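This is the structure I have questions about; it appears just below.
The other protein chains are all here in position, but one chain of the complex has been omitted.
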Amino acid sequence: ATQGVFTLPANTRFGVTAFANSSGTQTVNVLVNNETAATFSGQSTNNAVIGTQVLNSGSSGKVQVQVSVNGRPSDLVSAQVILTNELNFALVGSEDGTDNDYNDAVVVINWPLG
Amino acid sequence: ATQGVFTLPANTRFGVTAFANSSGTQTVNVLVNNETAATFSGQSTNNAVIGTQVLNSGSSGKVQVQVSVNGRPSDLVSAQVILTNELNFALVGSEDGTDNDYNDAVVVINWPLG
Amino acid sequence: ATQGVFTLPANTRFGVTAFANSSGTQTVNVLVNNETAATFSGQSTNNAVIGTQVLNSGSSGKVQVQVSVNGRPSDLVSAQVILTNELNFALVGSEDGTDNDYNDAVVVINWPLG
Partner (left out) sequence: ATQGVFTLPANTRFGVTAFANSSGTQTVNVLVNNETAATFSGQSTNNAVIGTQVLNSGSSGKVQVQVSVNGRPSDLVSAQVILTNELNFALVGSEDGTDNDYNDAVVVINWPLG
């Protein structure tokens, strides 16, 4: 099944934050309406924040997260959670190796803002 | 129901990160085994990452998030989600006012790390 | 925070199923647009299905679950999960007593159907 793809409400501000937990340098790309809108890179084995940004979902609402490590695409897991019918989280983990911890880059998208 | 309380794997490092989306200055307290382990504060209406830290869940694994604004406890919502039977997120929203957006402080706990 | 309230896409069929795990008889009411659309009742300590139905979210999409036992509303917990950006679950637990198992009536809403 496809993972890392989320439909947000149109024309809505959202936060996107990435963390790293791997020996490999993580490159996280965030696409809005199929065009790169943010890119983060960094290395950590201690959950460092490798980037944070606020984006707009635009007319389509389509947001996609991609992760690669030294040009190799990582396998993704994802889901969306809604609390009290208002607070949204889109969650992504990724695996760059063999241990299947799926934390090598972790991406959190949240909305609404403000 | 109680919210913002999570049983983590014992003796395990976890990430905790807080975001602010309110006119009010947020204060986030993270308790491990019923003792304060981290405190974050800030004021933003644009999802600022007012704190991020790595903690250990200790011998009991009990982690609790509390949020206040000008000394008043915020109302909390929370849940935990597990992806691919391994990757964990504990999620908290909070409301300091009357609009019920529940984003005024948002807290994400993630494990495993490394 | 409010629990057991979900906004579905408008005019969309959804399934609702309720389970019982309590000494007490559970009555589950499902409201669409703030009017009762289905009512289930039964008693089990073995997770019996006490009702299942397909409903239409209607023009507003506003669906609410309420649970009563022994003449008093139960305390509710809830969240919504979306898998592969397609498959939606709205989940409710309820507590009618003192043990805080929150399983006394369990309600699952799923969409889309067909």
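Letters A, B and C name the chains as they come in the text, with residue numbers starting at 1 for each one.
Keep this in mind: a contact is a pair of C-beta atoms (placed from the backbone, for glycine too) under 8 Å apart; a residue touches a chain by one contact, two chains touch by 3 or more.
The hidden chain, counted over the whole complex, makes contact with A, B, C.
Within the whole complex, the absent chain has one touching residue among B:6, B:40 or B:102, and that is B:6. Contact with the chain that does not appear here is found for just one residue of A:14, A:19 or A:102, A:102.
Residues of chain A in touch with the missing chain: 1-3, 75-77, 79, 81, 95, 100, 102.
Interface residues of chain B with the unshown chain, by the touch rule above, are 1-3, 5-7, 78-85. One chain of the complex is left out; on chain C, the residues touching it are 15, 17, 19, 21, 45-47, 49, 52, 54, 77-79, 81, 83-84, 86-87, 89, 91, 93, 100-103, 106, 108, 110, 112-114.
Everything that follows uses one rule, which is that only the chains that are shown with their structure count from here on.
On superposing C-alpha atoms, the copy chain A sits rotated by 180° relative to chain B, to the nearest 5.
At the interface between chain A and chain C, two copies of one sequence, more than half of the residue numbers in use appear on both sides, so the contact is built from largely the same positions. Chain B and chain C have CA centres that are 27 Å apart. Rounded to a whole number, the gap between the C-alpha centres of chain A and chain B is 19 angstrom.
Taken residue by residue, chain B touches two or more other chains at 77, 79, 81, 100, 102, whereas all remaining positions touch fewer.
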